[PDB]
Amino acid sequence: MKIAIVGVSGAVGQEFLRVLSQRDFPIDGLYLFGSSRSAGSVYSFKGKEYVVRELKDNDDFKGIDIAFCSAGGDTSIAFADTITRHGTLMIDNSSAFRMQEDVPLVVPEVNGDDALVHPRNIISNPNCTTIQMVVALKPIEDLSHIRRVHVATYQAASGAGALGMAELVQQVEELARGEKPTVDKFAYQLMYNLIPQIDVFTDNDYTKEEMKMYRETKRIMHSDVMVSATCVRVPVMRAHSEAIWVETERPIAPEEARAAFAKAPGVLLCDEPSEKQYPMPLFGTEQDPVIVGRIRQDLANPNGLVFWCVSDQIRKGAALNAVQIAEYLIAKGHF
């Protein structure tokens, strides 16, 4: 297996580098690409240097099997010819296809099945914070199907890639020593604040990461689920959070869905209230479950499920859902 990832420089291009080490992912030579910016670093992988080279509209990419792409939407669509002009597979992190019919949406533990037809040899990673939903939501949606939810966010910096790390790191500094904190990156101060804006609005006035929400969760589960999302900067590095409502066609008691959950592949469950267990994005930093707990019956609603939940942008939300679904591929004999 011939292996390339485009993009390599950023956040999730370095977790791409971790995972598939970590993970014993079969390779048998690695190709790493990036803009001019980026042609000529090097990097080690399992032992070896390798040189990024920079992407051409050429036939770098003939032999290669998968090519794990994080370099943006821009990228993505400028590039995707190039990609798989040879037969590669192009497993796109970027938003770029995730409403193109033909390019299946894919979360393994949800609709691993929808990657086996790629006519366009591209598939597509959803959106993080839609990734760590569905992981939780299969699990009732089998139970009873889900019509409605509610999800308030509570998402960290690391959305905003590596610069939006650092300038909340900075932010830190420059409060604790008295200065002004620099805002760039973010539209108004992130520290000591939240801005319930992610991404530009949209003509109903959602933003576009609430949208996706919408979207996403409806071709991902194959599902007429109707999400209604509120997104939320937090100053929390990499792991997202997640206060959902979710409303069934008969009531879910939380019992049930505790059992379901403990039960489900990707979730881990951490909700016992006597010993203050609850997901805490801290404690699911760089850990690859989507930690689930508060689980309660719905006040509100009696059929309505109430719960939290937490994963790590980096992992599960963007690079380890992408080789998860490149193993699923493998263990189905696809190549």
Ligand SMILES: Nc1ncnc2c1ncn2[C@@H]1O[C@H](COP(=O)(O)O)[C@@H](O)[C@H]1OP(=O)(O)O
The other form holds:
There are 2 protein chains.
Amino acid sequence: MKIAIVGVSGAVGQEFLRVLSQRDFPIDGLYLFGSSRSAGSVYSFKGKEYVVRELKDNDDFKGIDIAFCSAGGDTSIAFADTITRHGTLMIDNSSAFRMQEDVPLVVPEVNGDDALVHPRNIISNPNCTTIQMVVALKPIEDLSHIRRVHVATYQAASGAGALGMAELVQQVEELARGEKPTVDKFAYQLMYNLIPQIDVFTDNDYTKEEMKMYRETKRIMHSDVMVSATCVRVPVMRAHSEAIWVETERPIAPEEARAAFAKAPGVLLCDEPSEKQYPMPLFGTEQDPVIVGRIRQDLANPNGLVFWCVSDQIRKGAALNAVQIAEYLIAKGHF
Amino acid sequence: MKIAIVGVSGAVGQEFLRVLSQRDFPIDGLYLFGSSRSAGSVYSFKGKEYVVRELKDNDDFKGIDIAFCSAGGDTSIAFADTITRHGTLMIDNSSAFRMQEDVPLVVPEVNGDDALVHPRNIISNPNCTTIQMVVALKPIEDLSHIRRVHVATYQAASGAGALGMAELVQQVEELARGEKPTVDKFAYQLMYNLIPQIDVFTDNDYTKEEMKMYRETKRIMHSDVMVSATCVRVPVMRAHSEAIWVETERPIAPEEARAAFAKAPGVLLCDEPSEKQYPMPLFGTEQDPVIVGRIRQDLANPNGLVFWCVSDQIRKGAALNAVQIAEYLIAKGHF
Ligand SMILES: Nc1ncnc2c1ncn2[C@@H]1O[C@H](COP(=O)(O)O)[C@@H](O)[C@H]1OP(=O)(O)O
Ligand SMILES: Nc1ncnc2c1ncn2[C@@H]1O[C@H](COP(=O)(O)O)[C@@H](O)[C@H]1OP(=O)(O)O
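Form solved without adenosine-2'-5'-diphosphate (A2P) done; form deposited with adenosine-2'-5'-diphosphate (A2P) bound now:
All chains and molecules follow, beginning with the one already shown.
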């Protein structure tokens, strides 16, 4: 396979290089692309060094089998025709195509078969917090149809890219040094704070991030489920956490949910109250699973189940999910 | 009015001194009590110095009108008869008496009249996170009965006392200097993390903090309301935040809720999405109101309302509520 990474400079682009090597993805040639800013930069991959080329509207994607894109929705909209011009499959981490009926929105553990039909030769990687949630919801859905979800998120600085991570760490330095915290990538100081706004507001006063959890979940799960989210930025480095209440059509006891989670692909059950075993972002960082715990009956609804889950936003919330889409297609002989 | 503070050395006892001064509570005599550890300690109040006495099983409370107590559950059990022996009204910030049906459990904005009837001469100050929630719930309850609540909390380090706040701050420094973080007053590192456990677990796998939000809310609101909480410790100094979903018997639209919050005692409405105005713990610190915003319709339930609120745990969550109970009684002629 000949593989492209479009947008290699940033956090997700760098994770693509790590994941593709950790998972021994079958590569016979690698092509790195960026803006004029990263053109000419050098990266090493599996012993060879590669030079980034500026993404231009040309024929650079002739002969490339898959392009993993982590360059922003503006780039993906502007250059989709270029990337797919010679039959390359574009697996896009951006939000650009997530609502297009002719472009599949795929989490392999949930709806991997949707990946097999791509009229535009584009497949969309879903929103990070949505991937996390539906990996956990799928084994529950298979026990009883999920009608409603309430979710409060606790989203890491990494959701705002590397610059968001850098702002947080510097604020830590300025606070231990009695200095002035610097505020720019976030709307307010993040250290010692919580910002209940992620992305811009929409006309129903939910944010775009909250509406993604509503709209993307329906597509992925092929479901009429209704998700109402409150998305909050928190002073955590790069794993996202979610407090989830699910309402199903019949009651699911914690023991049944536990059994389902323990067998569910992509899930790690971590739920031992008496040993203080529960998912935490500090320990879910740089791990593959969606980590699930604090499972209990919903005191407010006999048909409700409550739990808590954590996932690494750069891995399963982005690069890992995209690589798993490609792996799923390979296993189906798509190439 | 002769006033006692029982447990003056700690964060809550110090806040009693601050609030009582700030609000010009009418005081003719001040009597400070602690363990043998703080006996002999000197505190300044309104330009005079007071010397702490060890709390003993004696007649020290003869002549004292109200005793504000924050000395631990066991201390309140051990010494309630001493404190009330001569008719003193004991307003207790501990958990000890919160479930005793002959001890009122009071948030003045909600059920202030319950404070008028105290056959054991004890009134219990509720749990911090519960006070915050019911101040916001009451204006909604008055429009339509609340059947169910889902609440995710984002609880500050000060919930574990001054030493909890101390650990968070020191960790900030250690992480700044690249040292191993001191982990002691929390179960895991709190900086850059979230700990989805507040207080010990109970038999149904909710923690005692989550079960306080379940049980105390029923008592305060005289209601069959069922509250299901996930309580999470976060690296914030001393204000608590809550993401709340409320289900009522009829639909309450966001603008109806906003109008109710705008006139609700103890509430500050802070909700302008187009101006990025919403409650945040960094800005709710050392303030009196329960700050409410992010009000919107529940996409998962036509009879649901969603919002976000913030309050200072030492002020409205503890000492301010207790002083306000005393103020309520005084306004009703109780003394
Ligand atoms: N016009 C463009 N063409 C290709 N890649 C782009 C373009 N604009 C931005 N990118 C890339 O998108 C990524 C965005 O980073 P993040 O998503 O972490 O915020 C970077 O790798 C950036 O590369 P570059 O360094 O060349 O600007
Ligand atoms: N046996 C006791 N009698 C009176 N006050 C007590 C007793 N044990 C603890 N306290 C007080 O409980 C308060 C609250 O504890 P904290 O806020 O530190 O969690 C402290 O002021 C402490 O006072 P002391 O300093 O004398 O020990």
